[PDB]
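Only one chain comes next, encoded as structure tokens, the form deposited without this ligand.
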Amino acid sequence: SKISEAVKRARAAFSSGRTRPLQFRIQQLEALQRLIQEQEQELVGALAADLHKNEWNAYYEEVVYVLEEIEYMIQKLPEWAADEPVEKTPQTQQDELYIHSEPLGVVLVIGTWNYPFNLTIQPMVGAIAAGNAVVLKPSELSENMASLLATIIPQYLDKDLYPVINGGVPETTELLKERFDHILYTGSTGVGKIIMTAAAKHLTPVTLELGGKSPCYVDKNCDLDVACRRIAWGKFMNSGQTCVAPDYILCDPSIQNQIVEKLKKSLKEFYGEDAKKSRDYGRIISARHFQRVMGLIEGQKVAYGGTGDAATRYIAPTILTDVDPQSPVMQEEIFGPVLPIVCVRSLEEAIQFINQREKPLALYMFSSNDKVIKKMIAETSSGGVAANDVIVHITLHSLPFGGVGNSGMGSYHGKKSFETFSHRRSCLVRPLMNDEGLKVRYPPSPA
């Protein structure tokens, strides 16, 4: 099959040793930099057609992070790839002890549709830097980006090492029968289980970046003007379609109306009176998802928004009040521009609420009280945490990005990408000279 042949060619190119010199890896990273610069308008056009992004947010909410990762990895690669001496003991003073990093082989990256350039290419950057071949499977839901990447990746990168596999679910299923040395998947919790099951057939390690509902606790006595503008930015970027969007708010009933008012103020600042006319507001990816999200508004009290246009997949920025946690909007990841507010009567109740649910990819809290922030962190579990902001924690080189429990396993970004896509091999090198200190270990044992 075309899929088997592409994987075979990637594996043969890897086994040849081509990717082992750092110079080769850096040439391919530099070719990706050239791709991003030269294909800027094409990338914008694809993101506009798939998701109703514009030239500014295509770059500053997505493509820029890929460029930043490439530049940082090129700079750090020689230090990261070096053998790393480790601590000795009195018995091993004359030995060399070190961790050797080496590629895994052929890595598969399965992209997702909501940031279809970042979530295909940013993982690829780390896997290239670690010396692997990298097979890419873009999501078919972001059809324009998928088509674009199939054309431009082989225009810039080695054609055997870094192939792009076209198609949808059947092609991904077929691809998952192939033998890889690591799989990174971004997507749903349910498909994560399918990926891990396929990986098990070849003992392939996985990095799974999955889902959940990221809570956003807002403390009673905090600056709501600052808080709600930050929350609205993260919730409504990309029309709500972000893995670490603040999915829902938990707050004391006494500040619910203040939160609604300040979110509304920020939304009008951001997108005007009619967000359908804002160049900065996105659209839902597909008709299925449009219908799903609109269904989540049914039965709810709409404090703002609540309307949609099926033909162009516009959903107005929507705020829901006094939401029943058992209702549908509170029983699935929303992934759209619908923000429910759930009342809780204390920090302790908020912590209980979060812990009774599955572990989220992100947890957010807004408070001016350092003790509240430390307590909530200490008593909950999530992939990552931001206090007093949203989104930003997954964009930083020094903070590995990943989930826990149902939100995933493993992590990447920065140095952690290099580690994730390598094998870290413990090495002990001893002199081949008689050593009296060793003879105690040989039989016969002493009486």
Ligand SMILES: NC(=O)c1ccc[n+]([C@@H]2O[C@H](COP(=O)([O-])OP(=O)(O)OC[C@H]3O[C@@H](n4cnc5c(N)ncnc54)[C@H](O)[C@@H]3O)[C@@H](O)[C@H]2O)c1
Contents of the next structure:
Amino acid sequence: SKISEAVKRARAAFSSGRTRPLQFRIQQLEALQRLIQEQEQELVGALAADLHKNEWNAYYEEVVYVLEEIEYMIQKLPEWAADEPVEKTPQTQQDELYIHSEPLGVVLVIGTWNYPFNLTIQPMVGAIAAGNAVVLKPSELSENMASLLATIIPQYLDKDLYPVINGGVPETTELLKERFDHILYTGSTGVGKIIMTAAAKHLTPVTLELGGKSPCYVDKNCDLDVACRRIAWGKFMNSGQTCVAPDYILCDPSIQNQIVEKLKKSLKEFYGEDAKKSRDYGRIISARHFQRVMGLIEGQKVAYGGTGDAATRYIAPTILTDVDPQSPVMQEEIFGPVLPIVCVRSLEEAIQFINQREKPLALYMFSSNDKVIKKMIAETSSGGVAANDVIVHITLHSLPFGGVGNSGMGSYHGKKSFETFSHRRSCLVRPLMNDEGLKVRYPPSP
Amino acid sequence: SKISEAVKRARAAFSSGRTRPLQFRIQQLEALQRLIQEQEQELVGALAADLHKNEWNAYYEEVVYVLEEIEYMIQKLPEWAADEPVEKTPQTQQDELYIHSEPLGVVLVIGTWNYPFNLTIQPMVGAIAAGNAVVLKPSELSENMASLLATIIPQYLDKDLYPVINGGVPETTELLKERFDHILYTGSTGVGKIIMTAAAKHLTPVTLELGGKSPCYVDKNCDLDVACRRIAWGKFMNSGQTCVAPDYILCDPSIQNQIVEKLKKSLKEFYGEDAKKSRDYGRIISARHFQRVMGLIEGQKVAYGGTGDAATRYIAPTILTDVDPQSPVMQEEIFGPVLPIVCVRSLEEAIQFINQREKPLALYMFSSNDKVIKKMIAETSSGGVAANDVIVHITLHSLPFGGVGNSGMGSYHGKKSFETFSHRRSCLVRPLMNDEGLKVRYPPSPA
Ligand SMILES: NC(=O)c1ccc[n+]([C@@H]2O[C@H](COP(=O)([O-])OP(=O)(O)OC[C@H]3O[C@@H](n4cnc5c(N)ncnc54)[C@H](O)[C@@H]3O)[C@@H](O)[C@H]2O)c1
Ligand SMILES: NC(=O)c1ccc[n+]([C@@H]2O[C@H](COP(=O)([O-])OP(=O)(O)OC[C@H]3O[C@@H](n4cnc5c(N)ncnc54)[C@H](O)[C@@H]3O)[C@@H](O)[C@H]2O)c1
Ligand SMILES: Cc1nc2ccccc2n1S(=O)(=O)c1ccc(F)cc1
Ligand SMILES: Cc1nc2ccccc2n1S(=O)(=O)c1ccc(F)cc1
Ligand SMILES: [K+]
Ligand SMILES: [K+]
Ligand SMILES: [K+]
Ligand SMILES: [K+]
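Now show the form solved in complex with this ligand, given that the preceding structure was the form deposited without this ligand.
Once more the chain from above appears, this time first in line as the rest of the complex follows.
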């Protein structure tokens, strides 16, 4: 079959030793760099057709971070790939003790649809840098990006080492029967379990980048002008279709009306009085998801927005108030421009609220008080944390990006991507000379 | 069930926050130091009854490294647990960026039988230091150690946080239905797949410490006296029942006879003429494994040993020559005192041989030529590597221990244990003051 052959050719090319020299990897990454520069309009086009992105946010909210990752990895590769000496003991002074980094082999990257370039290519960059063959499975939901990547990747990159495989569920099930040396999966908690089950059959290590509801706690005595502007930015970009979007707000009932009004002011600033007319406002990926997000608005108190167009898959920036935690909008990942506000009367109640639910990919807190920040961090568990801003904690090379519990396992970005797509091999090199100090270990015992 | 209640009590005790302060963790580790000191003779008795270990090798080939691990972690815990500052970027000048370490929750440790104290308690030490509740599932095959640990662990460690669950396959199957936040499993490649399949149902991360056949390449132009003494020591300790034992030898046919003779000399030095009489020589764990290893000797050219005793599960140190790589002794992990010699005509042939097989837990090479050492490392893959020795690489705090591919995933020992049993949480703390530099990111976008 097409899938079986593509994978075969990928392993055969890895087995030939082609990817081992650092210069080969760098040249593949520089080819990727040229692909992004030369196919920029095509990439914008794909994102515009899939998610209603424009040339600005297609670049500065997705593409640029791939480029920054490529530049960073090219520069750092010599340092990362070097044998790393580790601390010796008095008994191992004459020995070499070091960590040897080596490729895993054939890596499978399964992408998702909300950032269909970044979440296919940024994992790929790390895997290429680590010296792996990389099989790409882009999301079928983002049809235009999926089609484009299958076309343009083989034009710039090694055709055998880095194949693109497109398809739906059966094709993915078929792909998952193939033997890989690592699988990075970005997607749902439910399918994540299926991915790990398939990986178990070949003892394939997994990086699962999954979902959940990222809580956003707003402290009663903080600058709400700054806070709500930052929150509205993170929540409503890509029409709320961000894994690290502030899913819901936790706040004192005394500031709920103030929060509504400031989110309001920020949303008008960003997208005008009518967001349907903003070139900067996105659309829902599919009809299936449009219906889902609209269904979560039913039976709720709509403080802002609430209306949607099925033909264009537009959903107005919606703010819900006094939301019952047991209602549908607070029982699933929204992944849409619907921001529910849930009232809690203390920091302690907020911590308990977060702790009683599944561990989120991101946790957000807005507070002028640092003890509040540190207390919430120490008493909760989440993939990552950002205090007094949203989203940005995943844009920094020095901060590994990943989940915990239901939000996932493993992590990547920057050096972590190199590590994750490598095997770190402990090495002890000794002289083959008679050492009297070793005599104690040999039988007979004293 | 008793299994469900024990896991429930462990989660409840963790959810209380009891393990969070470092003093509490240190106190549990000190209790393990106390356990080892006060139960030394009982630990020896268990290992003697299970594996025919003696008071010396029970301590110096197992127990002492748990103690060293405990001493090391107690000292380093403040350093490890502290928030880790990371490198800033030009825009993140006024921000705090760090990595915050936190426990995962309830960790399950499934131990194996060959080093039944070390491979239950060393992983536990790491999981304790990282602030987890820890459920211990000792191997049923090492019966005496399993029983002892069920008795002595609650006598020293917190009873709710650190329960011991004994049982066979049915009990483990039920235990694997419980929800854990991490599982460290030490055992076979096949059962590793079963554990990972179970873990998938709860999205539980796994550290799998598995098996394979660790190759030992012996170069032509090296000191064979020194080499074979080191090899024989690694291969024949614990009656060959070591995951990182040099499973088989790859060498040029021109040095095969010399290797045989020098292995024989070393074995005579170690255990005498008749190893059955040596206090330092172990026994096979079970009747099933006795028959299995004896089966692997059949049809082979025996150059030394080759005999056994079913009643005592004794198998004489055995060397096999001119071994067909396709024969039974070369198609499975031996895990016994049978050392096959397989002939290769070059380093290149040896590299190809290793690469055709599944990735081993350890890879060994003996050579005076650094280029041979570096080429074999660069062109092969294995969990860990030692050049000009065996076993030792697993005893060092600064070298993480674990497999790759069929030999496993993840790693532990030293700092790596703390990291493996923690969630490393990326944290960005910004000031809540107006920043003009951030305004560029907000809509509306420029034309
Ligand atoms: N952590 C991250 O980095 C990150 C990034 C983006 C999105 N996400 C998460 O992804 C989720 C949304 O993305 P999504 O792609 O799951 O959307 P979705 O669930 O709408 O997409 C359905 C996808 O699942 C696949 N699928 C369905 N059944 C399958 C089976 N039996 N086997 C294999 N594949 C199967 C389909 O092929 C399809 O691609 C959100 O929960 C979000 O939090 C996480
Ligand atoms: N990497 C390491 O740290 C390390 C250390 C020691 C041993 N090992 C490996 O362990 C292997 C031998 O140890 P072993 O414990 O597998 O002994 P073994 O092969 O005798 O296996 C018996 C064990 O498997 C379990 N088992 C069997 N079927 C099962 C099922 N369906 N579900 C759950 N459990 C099941 C049994 O309960 C029993 O405990 C060797 O391959 C060795 O390399 C690895
Ligand atoms: C760098 C990065 N890591 C991500 C992880 C998940 C989703 C998008 C991600 N991105 S991203 O697409 O580049 C990105 C998305 C939004 C944003 F505001 C800034 C960056
Ligand atoms: C420290 C250590 N790491 C291990 C990993 C696997 C099996 C035994 C292990 N040990 S051990 O039992 O202490 C050990 C075993 C044999 C030996 F020679 C020295 C130490
Ligand atoms: K309501
Ligand atoms: K001695
Ligand atoms: K630290
Ligand atoms: K602006």
